[PDB]
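Dock chain A with the ligands against chain B, hints included.
2 protein chains.
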Amino acid sequence: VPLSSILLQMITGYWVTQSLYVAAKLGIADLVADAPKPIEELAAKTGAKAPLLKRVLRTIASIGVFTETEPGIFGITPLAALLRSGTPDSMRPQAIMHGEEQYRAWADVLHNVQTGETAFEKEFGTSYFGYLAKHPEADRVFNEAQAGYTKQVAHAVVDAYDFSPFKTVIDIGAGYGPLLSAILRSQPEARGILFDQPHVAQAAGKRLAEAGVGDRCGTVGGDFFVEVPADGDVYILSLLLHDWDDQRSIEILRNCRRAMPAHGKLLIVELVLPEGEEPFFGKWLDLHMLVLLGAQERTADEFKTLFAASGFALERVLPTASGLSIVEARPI
Amino acid sequence: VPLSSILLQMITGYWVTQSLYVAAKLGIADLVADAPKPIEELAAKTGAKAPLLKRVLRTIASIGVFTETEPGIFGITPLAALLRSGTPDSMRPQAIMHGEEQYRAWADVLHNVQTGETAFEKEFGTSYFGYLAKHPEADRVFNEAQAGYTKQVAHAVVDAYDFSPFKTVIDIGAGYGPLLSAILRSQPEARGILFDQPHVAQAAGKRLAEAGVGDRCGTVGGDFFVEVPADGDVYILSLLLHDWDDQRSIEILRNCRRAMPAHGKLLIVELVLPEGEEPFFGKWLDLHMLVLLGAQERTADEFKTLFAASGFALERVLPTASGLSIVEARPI
Ligand SMILES: Nc1ncnc2c1ncn2[C@@H]1O[C@H](CSCC[C@H](N)C(=O)O)[C@@H](O)[C@H]1O
Ligand SMILES: Nc1ncnc2c1ncn2[C@@H]1O[C@H](CSCC[C@H](N)C(=O)O)[C@@H](O)[C@H]1O
Ligand code: NA
Ligand code: NA
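Line by line, the protein sequences are chains B and A. Quick note: the first sequence, position 272, residue 281 per PDB author numbering, numbers continuous. Quick note: the second sequence, position 74, residue 83 per PDB author numbering, numbers continuous.
Treat the hints with caution; some may be incorrect.
[Stated by the list, open to error] Where chain B lies over chain A, by a calculated footprint (3+ residues, C-beta under 8 angstroms): (1) 24-37; (2) 93-103; (3) 109-117; (4) 167-176; (5) 296-302.
Derived from the structure by calculation, the hints contain no laboratory data. The beta carbon of each residue, even a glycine, is placed where N, CA and C say it ideally should be.
So that you can see chain B by itself, here it is in the shape it has in the complex:
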């Protein structure tokens, strides 16, 4: 395989994103979950032009997403099973999210690199979370995508740290709270507080009650730039600080330090950037955080610098059976 074909496949990655977006957004996987279906039925049920849908499905089937079981009849595959709606490991929200506003923001990453102006803010006229707070459907998609990402790695975080000492667990910017839920499931003596923006914390609470897992979890709606809940034994910032530049991260951390009792601990759960040139998903997420939020992933030394500015000291960086690390800090 010539180098030119390797590079061409890289350059054309956007085709894959959008072709999978089409299949995800139309909900094809749900329609073929029981048995393969003819193209005309799939088109009719999804509101697509049959010959055009056929072309999209043939193309992604060639990389293992759906399969043409007989001419004009399409079935599910292992990769397409992840695009079903409402299943425990669904990645449908992720496929949807990456084909919409985030795709468009990324059209201007060059301008962002040249000027420092956050690409999403240029494209849509306000901050990422400010935008989502105005658009409930996009908000739902983001929160479900984010929760699906974290749900899949939560077990690895729980296997990597002893949570026994903590009876009150405060998750700051918890989203829909899959990691908090996993911690509570594993520690039957613990109670949790799921802290987020009011609209997110309200929806998270209903999701917990629905799933019947909110007995020892309460929700609090607030603003971590103003204050966070007091008296927790551990404060968890999971996939949170990489949303914020240094100035804003320091603000969050100082509010955590204010609220925390002196016996409390701080846990940062994130894709800590390694040394060297090996492949790492966090190197790519780092650029996504640039485009959307004007933020970044960080090295251990960068966290140390944030901690010194916020009244914390790094205790240790614990690895996990995922890309994530736990950065443990103590109040000083």
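Below, chain A with the ligands without anything else, positioned relative to chain B:
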């Protein structure tokens, strides 16, 4: 390597397109072609913010495109060498092309599949070639990208067909003419006519001179929906009909039919679609043709239909060592 990670890497293909686009557009490969350079110097020369450019470069370095030779110093790799400007195998124009209007048009592929409305025309308010004729920088990029792709497959076409019987070879919509040039190189006694829009035919002369065939190859500007040049021994349509719907393709073919002499041959060089589920670049290019042009790749049976409507009969479909096939037809 969990399935969920495989699918996430597919969904995030757009990040790769855009990150390579930044490095290509800024011209980093030319800056480091002869020796590695520190990020400060790269930032200064390109008008980029150093910390942000460093992040992009270290991310693409982790997939083999550039290398961090020491901290904050970057050098070339074989994949990044393909992003240099003006080199014989340059893919710089392809990387630029795919990150700009074509990327933005692909944001609307769902709507195109739902409604049949061409995504590029929705996004830009005009046809693809109409846009390019008014945007010189994008036009040069397109034409150089297209010629670079075709150059890498031209030997496979010439190897698959004996061009020795033809005294005059006419290439309809030839662009900058790399296939025509390969044909003429292979047959020193042959004369060529390159036909394209006036602005393209005008620019092609310089490329034909560089290719060493300029002394034997005329450049004719015009519109193939009106007329094409008469009396050629063979008329070549290479990566041409896939730009046009059936009706417009028939218009082109009928003009070729009335220009052609009775002993003439028609050769269509295209990514003819196969029936199975194997990987095939033409499956992806077929979607690209939808998005940009409201067009398609075709099967042999589809070409027979067009030929019946335009006074031609299929003679043979010849395979090549590339994805391309040669559809040979005769006037009836
Ligand atoms: N000012 C603010 N106050 C509280 N929460 C905020 C906030 N600004 C953003 N957030 C929340 O920060 C979260 C970032 S996403 C991280 C979600 C989750 N902790 C996980 O591990 O996946 C979102 O749920 C968002 O609503
Ligand atoms: N109406 C028209 N008349 C003449 N050429 C046209 C045209 N509309 C589009 N084209 C040309 O059709 C070409 C399509 S791209 C194919 C280029 C080349 N044959 C190759 O093998 O790569 C472009 O060069 C474009 O300028
Ligand atoms: Na296709
Ligand atoms: Na762009």
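>> Please verify the coverage claim for the stretch 296-302 of chain A: does it have three or more residues whose C-beta sits within 8 angstroms of some C-beta in chain B?
In response: holds (count 3)
>> Under 8 angstroms between beta-carbons, do enough residues of the stretch 167-176 of chain A, three at least, approach chain B for the coverage claim to hold?
In response: violated (count 0)
> Under a C-beta cut-off of less than 8 angstroms, do 3 or more residues of the stretch 109-117 of chain A approach chain B closely enough to confirm the stated coverage?
Replying inline: holds (count 4)
> Three or more residues of the stretch 24-37 of chain A near chain B by CB distance under 8 angstroms?
Replying inline: It holds, with 10 qualifying residues against the three required.
>> Can you tell me if the stretch 93-103 of chain A counts as covered by chain B, using C-beta to C-beta distances under 8 angstroms and a minimum of three residues?
In response: Three-residue rule met by the stretch 93-103 of chain A, so holds; n is 3.
Taken one by one, the earlier hints fail for this structure only at number 4.
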